[PDB]
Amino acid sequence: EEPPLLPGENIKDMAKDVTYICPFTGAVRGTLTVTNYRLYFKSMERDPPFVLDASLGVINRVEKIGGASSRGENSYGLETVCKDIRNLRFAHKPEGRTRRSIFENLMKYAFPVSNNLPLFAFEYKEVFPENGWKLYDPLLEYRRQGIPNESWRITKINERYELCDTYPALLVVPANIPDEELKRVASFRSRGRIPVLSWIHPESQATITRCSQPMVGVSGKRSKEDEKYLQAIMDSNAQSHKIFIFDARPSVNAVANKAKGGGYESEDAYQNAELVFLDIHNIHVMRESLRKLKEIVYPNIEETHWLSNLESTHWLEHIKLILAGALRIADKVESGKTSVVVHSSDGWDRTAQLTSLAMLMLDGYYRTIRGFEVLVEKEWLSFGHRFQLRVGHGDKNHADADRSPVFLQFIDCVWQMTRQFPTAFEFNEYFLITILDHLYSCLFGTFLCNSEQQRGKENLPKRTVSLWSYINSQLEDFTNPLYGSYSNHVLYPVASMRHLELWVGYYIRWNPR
């Protein structure tokens, strides 16, 4: 059957009497359509119409199955490997070009930028009553936190992104540190990500700052600017006697980075700091972890070795390390009243997961729907997470090792927190799954590019629809009705294999049971 279209979506090819092999109900013949935004398959050979509708941004690779003409053993079709742990395999008649027409159209529209075609986000013409692009206001958010205040000021040194071009235009830093000082410190921090304020505690004034690793190198070089800058941070919390520095990386990996120019803060160079390593592994390791998981989760789960197979993926283990690390940060801020500086190698994948999760534990604001969108806009988009590079929108280059489920891990961690606190979040599971779906969809421009400055040059607000514009128009589908019972208090989920669950709602949502 025909697929429903969206403002800007037009059919690019169609083939009828195509057979999709469902690993759960068997073969089903019907029509396969490929618009400039999705892959649609519907069959009227089933009482409820069997509809398969997946966006093209989800397609990771396309592969042919069988060979040429009809040499294959009853298998002339193609298969699509999807980012959301499905794989879709289709069959084609002996007599038919539909096998090559579809393949060639998928391998063109599912990968627009690799064929100098535009991503759908730029074609989508649907309008909304609210502009998601105007949801996050740096100045208003800081004000919500009490910023500018005697201890912290707001600098505009980065409005044209000269200090650091992967950072937001506005940066909050200690009031006693001048702009000429930020330059020097920027010379010591990788890619100019010089610690900057993320969150400040209402009462204690304890702060969460984020930045990249120090450039120490093998010769063990050091800078007074950076060292005093870190001190200025601790001085802004008056009643504290220390400053913790959480390094997301495992100790053995930080050392390796040191050998290549990076490193960490030593107990001697930073007198009043205590650096902890949280043992959270790099992007490549998480890609492999998720890959092993998809392997035992789709399409059929083998019961006997489920537990060991699951453990072997190290998915839940990584989630646990992320949550636990977030827990250590939020605790030192809450209970210890001590400011914490959090970083990693570049400070834009693990640091983002840590600050984001701690913030959610500490501030109930980000647990509300609009709050979370702000959280996503603040930590991850504005602070330079490479969504484009990490997801690979419309790029045939599926093996790229720059691709990793970083954000997906974060969202998983959030879902983990919502299970443990069924009343503390205004949003619900569907909201989160909807976010993961549009991470790949490229329907909106919210998860495009790799930086704030990039999005400015690309003029994304004026050329694409924000994902929040659509979500804030259907809020009845994203609200947790049990939201309230808890309160405007601090959350402390339990990181332990006995309280973390596999997010069945996402990683196994295709099995019709």
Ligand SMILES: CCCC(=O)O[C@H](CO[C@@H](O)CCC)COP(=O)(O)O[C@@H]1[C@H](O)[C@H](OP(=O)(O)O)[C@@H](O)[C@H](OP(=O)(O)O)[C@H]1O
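Positions refer to the first chain, counted from 1. Note that the rigid core is defined as the largest set of C-alphas that superpose within 1.5 Å between two forms. Compared with the form solved in complex with the ligand:
- Residue shifts between the two forms, rigid core superposed: of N74, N300, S308, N272, the only C-alpha displaced by 2 Å or more belongs to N74.
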Given for the second form:
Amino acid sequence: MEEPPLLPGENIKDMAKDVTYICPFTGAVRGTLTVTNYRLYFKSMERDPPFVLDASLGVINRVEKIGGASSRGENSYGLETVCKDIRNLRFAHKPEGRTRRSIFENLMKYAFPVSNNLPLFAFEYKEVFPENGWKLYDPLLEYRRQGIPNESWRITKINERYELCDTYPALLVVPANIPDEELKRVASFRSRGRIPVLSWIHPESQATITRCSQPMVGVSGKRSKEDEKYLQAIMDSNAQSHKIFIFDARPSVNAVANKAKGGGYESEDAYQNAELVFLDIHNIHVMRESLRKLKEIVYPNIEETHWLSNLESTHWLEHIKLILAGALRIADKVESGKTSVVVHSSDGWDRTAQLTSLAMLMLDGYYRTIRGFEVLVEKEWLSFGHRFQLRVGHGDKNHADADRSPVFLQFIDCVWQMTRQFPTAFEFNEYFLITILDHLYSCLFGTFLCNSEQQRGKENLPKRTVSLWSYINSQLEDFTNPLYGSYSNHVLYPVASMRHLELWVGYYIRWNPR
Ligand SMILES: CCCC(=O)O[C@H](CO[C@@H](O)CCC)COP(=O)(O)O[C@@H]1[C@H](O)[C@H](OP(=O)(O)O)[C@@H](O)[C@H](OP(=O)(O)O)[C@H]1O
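Since we've got the form deposited without the ligand here, give me the form solved in complex with the ligand too.
Zooming out: every chain and molecule, the one shown earlier first.
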């Protein structure tokens, strides 16, 4: 029997007999196509181990009608689902079978519930696990683990009602001597009120990683005494009071383009004890275009003759390299330079989240534990306002949205690169990372829904959805790396080179039955 298995809360919405799945690798196979509220299940008993294709609906970007009435070929009348996970799926229907319309309509409806005024499956997934992923991350405790608040850094509550910055977490760590009303001001100079706050502190040197958005300098060199005092306050916090380093993730010309617009960067006149460096990491649009090119040379057949040159033309591994190289520069400046660094971009959610979290992964072994990693994600990504729902387009039929970009995917890709370079340094395994990427799109859990901490609170995700961590941690074994424990040498320093970075076959090329 060709019925899909059903998760608690999941159910069949449509079924189709005698549909043909056209496997680019194994030719065609006739079986039964089923659509649930969660998934797209195809299964044929026309083979042996029965043929099964199980794909969560969340990965579907587009559903196209293939062929028409004037389609007289064989397997020319059908559907094609364009996926988010580096594949496209296509099925053939018989016109007289009268199933294509029903399937097409149910796919459109259940793969894009938000566009059809329906819930995302996460709200109807009523499975129950022993551990509760929602209680895993505790801002206050994480800060405490870092030896936060101390004399130099305090915790303010000025953003508890999300009034200071609605895309920031409720609790913020700032210089022990900067008053709430002053912060209220730096917030006026920083884009979207995303002021420089603490992300990490060296246990020893008390060199810091702070994060923020760009300074609203504009065409005319606008300055903020308070912002300048703020960055100064950050420097006065290092017991070996060098200076400051400001890493602008952006290429130079982008930073300037932004300045025309109203944004900009910290000049050497305005911020003196500050050294600014541009990391040349392009925007969300460039990264979307890069992944698009990659999917083409990867998905169905790879053209072996020109793989290397084709891969180069995508500029994928290059973006990955600049992101890791950037994280490296930050880590080194903190660790070896004993210097505090301020990280930003334009808005400070995207590239900034990539940099802080990777540098933090290089510097703090805690973040390399399975559970530590989950916290890093909850912290740097979720709590700090990476716009997941927007960047992925959860249950939204508008596949051409310019807001869609694989920012988090790049991050995970960079994390994977480090596991390759340091196979004993991480407690989690590849499966763990790939699983994370699958549920990033699945919308089975509420972990990657909404766009800010505030929103997830108002939506009451902890109570209405299951945390991905609940599933993962009540399972640890599937996601544990056996070689772990030995990275006594505590600062990871991967090599960001085109010769040391590989294309993540495990993820981008996993559909081939080899
Ligand atoms: C004051 C200027 C502010 C700004 O961000 O402007 C730029 C655009 O300008 C043109 O398109 C028009 C020029 C007339 C974009 O400048 P730019 O740096 O090229 O690009 C940003 C950057 O990628 C942000 O992430 P982050 O900085 O955290 O890594 C995204 O969130 C933002 O998109 P979204 O949030 O709106 O979806 C995107 O526009």
